[PDB]
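A single chain comes next, written as structure tokens; it is the form deposited without the named molecule.
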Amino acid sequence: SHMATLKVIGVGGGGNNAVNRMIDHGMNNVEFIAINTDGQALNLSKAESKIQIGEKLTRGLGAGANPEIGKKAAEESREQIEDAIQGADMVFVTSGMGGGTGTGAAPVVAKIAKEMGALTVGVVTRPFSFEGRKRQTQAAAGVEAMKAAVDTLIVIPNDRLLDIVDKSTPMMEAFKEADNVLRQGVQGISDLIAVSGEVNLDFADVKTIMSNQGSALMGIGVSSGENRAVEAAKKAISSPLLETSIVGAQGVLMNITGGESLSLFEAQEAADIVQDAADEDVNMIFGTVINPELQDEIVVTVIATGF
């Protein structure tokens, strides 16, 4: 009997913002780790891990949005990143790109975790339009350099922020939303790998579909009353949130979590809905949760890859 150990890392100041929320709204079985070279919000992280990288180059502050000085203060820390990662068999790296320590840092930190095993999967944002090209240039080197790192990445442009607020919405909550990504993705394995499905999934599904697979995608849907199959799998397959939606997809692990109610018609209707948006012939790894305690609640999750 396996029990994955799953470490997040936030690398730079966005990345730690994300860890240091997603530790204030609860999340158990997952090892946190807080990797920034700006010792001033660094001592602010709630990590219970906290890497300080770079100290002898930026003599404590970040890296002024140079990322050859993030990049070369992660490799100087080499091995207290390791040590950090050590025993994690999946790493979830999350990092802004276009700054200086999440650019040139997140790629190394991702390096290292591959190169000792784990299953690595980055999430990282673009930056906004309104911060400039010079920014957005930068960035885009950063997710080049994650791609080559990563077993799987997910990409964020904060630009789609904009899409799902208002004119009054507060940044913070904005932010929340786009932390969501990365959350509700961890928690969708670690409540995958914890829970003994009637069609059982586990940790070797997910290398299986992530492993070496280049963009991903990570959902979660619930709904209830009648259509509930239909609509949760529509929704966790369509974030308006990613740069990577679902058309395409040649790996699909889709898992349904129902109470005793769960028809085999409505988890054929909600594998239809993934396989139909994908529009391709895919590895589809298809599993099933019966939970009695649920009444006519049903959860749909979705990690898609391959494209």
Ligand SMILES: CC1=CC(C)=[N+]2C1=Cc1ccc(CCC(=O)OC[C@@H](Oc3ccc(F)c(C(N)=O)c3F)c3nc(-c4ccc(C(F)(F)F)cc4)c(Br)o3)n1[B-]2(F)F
Given for the second form:
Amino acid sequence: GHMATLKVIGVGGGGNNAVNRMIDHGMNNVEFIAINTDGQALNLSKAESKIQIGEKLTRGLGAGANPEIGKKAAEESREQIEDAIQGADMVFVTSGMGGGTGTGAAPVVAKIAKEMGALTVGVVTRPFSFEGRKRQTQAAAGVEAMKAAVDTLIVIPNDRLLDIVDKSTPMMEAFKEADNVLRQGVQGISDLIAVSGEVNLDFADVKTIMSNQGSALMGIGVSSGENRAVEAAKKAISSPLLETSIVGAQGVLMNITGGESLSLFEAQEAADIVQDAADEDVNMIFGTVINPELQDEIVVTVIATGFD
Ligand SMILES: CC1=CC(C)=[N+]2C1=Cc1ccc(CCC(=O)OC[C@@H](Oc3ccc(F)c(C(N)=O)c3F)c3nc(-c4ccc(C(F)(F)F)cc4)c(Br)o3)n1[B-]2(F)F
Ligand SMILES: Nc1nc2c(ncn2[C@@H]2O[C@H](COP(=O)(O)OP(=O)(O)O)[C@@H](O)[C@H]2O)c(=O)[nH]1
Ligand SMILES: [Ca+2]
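Return the structure block for the form solved in complex with the named molecule; the form deposited without the named molecule was the one displayed.
Up next: the whole complex, starting with the chain shown before.
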């Protein structure tokens, strides 16, 4: 045995960007890997591990919006990608769909990770509508290839970022909001592995809900005071940024963390919120953690799968 190990792999520009910002934000117990055709971007990566793919193919340039180049680049560097993944129990592959490198290389990276035995989760963006129909169509083909290669896929349409900004919100601030989805998902699973809960969930439960599943929702809700459990549950299952909503979920992993005041009744309330919002009979795998360092705060974390 061993404690399950997580790796986060950014593929292409947006994925590299997300890795850098996640490192800026602070992340423990996760190995970051930056993968790119673009050697200039890779040289600026904050990631401990860097893989320049397609050296012979692009000679250190990007893939110039041709997803076939990203795919061939990943295939040319297959052994390097294998060596960088080796040992991971879980791999998150993050990439912006629509360009040349991520669209083509990220599904190959995901396929390698899954063939190497890792639980493989993709977190990808679709391009803004203002980038045009061709970019959207190219990205859609990437999303489909991603879905065929991963265990579970989280898709963030970049157009959703236009729903959470005002007319002055800096573009980089909007990008950081999108980063929260992956980042807090990683932090949640890390905490799940590391702590023996009063009603415990561990990596085998993660595998049961996420293995070979397709579309997924991951979310988290923190609340306090009067209706804290219902509120936190509602916040966990309702991100404005995700393409896949909770509605239709057949499998759910749900954890509630609270202080010593965490009540049985409010645990039921929270679990019921997820049940009814799913509008399905949900196979729930339910966990609970008492963190006495919490006072009046409750945290609800949800991963939902089983839509397809
Ligand atoms: C700044 C700030 C204030 C507050 C309040 N916070 C902040 C920042 C962050 C960042 C993340 C969080 C909340 C994390 C969370 O609470 O996660 C619970 C985790 O579960 C656990 C955890 C421990 C256990 F002992 C057990 C168990 N019973 O042994 C247990 F179950 C959990 N992770 C997942 C999960 C499932 C799928 C996915 C994927 F994306 F991969 F698809 C990711 C995560 C689930 Br489902 O559950 N905060 B935050 F605390 F809100
Ligand atoms: N949300 C977000 N989307 C991004 C970011 N960077 C790029 N994108 C999106 O990702 C798409 C592909 O860009 P990029 O990753 O640079 O292309 P690649 O390097 O060829 O894979 C773009 O068309 C944008 O829609 C980012 O930092 N955040
Ligand atoms: Ca646990």
